[PDB]
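Given next, in structure tokens, is a single chain: the form deposited in one PDB entry.
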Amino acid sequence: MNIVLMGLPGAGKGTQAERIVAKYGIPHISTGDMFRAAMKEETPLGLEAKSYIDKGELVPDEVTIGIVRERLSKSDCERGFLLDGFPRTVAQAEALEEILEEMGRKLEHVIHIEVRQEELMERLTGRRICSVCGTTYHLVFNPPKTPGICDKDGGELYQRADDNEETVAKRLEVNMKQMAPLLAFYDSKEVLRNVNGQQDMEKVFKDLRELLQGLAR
């Protein structure tokens, strides 16, 4: 089970990934999550990626490909994997094709979780994160019991530098542009699947699942 989730910022890739991983036991490889972990640890990779992420820009291809090339060389990827938010450019996709060839593996599905931009903006604007456990909240759709405080451990919530409206509009524009040729790339390869992301989280998952169980032909 060798899978990519592709989608604009907020389309639900991580929400789906948790579900996919709980069902199927393949590793979840989020380049965004990897970068954010390095940023929290303030490692050199982290501080390099920070300058891009905080602004809503893509981290450059070379470093991003390299983290993925190293990550996919681990033994937990031998029976499948779930890439989330990689590739984000055609160059990354062409590099993945070569990685996979080297590994003697093929992408089986590239799932585009499609959600219109208006909904994306609403999903993201208002997200808040617990500084201590990383639990997410939303001001509008999932607020904490006490404003600014996490229900689970009392940790202080924050707004990511990239989740304000202006930066979310930017991330949408950057990824809309990069994703157009990338969708073309994988539609040419006949591995592109489309999922309607504008459904409840369980139903998106059922539809994804049907593509993963081979039922949607």
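Numbering follows the first chain given and starts at 1. Take the two forms, find the largest set of C-alpha atoms that superpose within 1.5 Å, and that set is the rigid core. Compared with the form deposited in another entry:
A 2 Å or larger CA shift between the two forms, after fitting on the rigid core, occurs at just one of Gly46, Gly155, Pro27, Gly32, namely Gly155.
The Cα position of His138 differs by 2 Å or more between the two forms after fitting on the rigid core. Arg88: CA moves less than 2 Å between the two forms after rigid-core fitting. Fitting the two forms on the rigid core leaves the C-alpha of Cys77 displaced by under 2 angstroms between the two forms.
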Contents of the next structure:
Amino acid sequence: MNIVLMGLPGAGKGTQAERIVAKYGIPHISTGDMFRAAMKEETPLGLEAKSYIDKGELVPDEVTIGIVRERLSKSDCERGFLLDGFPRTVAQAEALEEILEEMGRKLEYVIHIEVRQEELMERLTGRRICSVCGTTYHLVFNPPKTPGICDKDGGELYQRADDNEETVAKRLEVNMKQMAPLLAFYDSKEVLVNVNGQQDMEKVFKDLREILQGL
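I would like to compare: after the form deposited in one PDB entry, may I see the structure of the form deposited in another entry?
We keep it simple here and write out only the one chain, dropping partners and molecules.
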């Protein structure tokens, strides 16, 4: 189960990754989550990534390819893996193809989760995360019982630094410009599958399960 989840910022990649990883027991490899964890602890990966992440720009290829190479080399990826938000450039895609061909693997599906830009803007600006447990909420789409507070543990919710409207707009632009060529690269291999991300979370997952259960 060698899978990539691709989509504009906000499309639900992390939401579906958690589902796939829970059901199929394959590692969750999210470059965004890896950068963010590094930035929080101020490691040298974090420091180098931070300026790009704050600006809504893509971290440079070599760095990104590096953390993915290191991650794939671990023994938990022998049965499959879920790459969430990588690749994001055609250079990353070609690098990955090379890494996997040496590992005697190929990508089985690249899943493009499609959502209109107005709802993406709303998803990102309204997302809130628990500072205690990391549970994600949304102001309108899945609100806590008490505003600003986690249902599970009473912890105070926070907003990511890049989820403000200005930086969301830049993120959408930056990622949309990369997208057509990346889609084409995978469509030419005929491994690209498009899923309508405007469905509820379980119905999106059900559409993914209809293909992934074959692996």
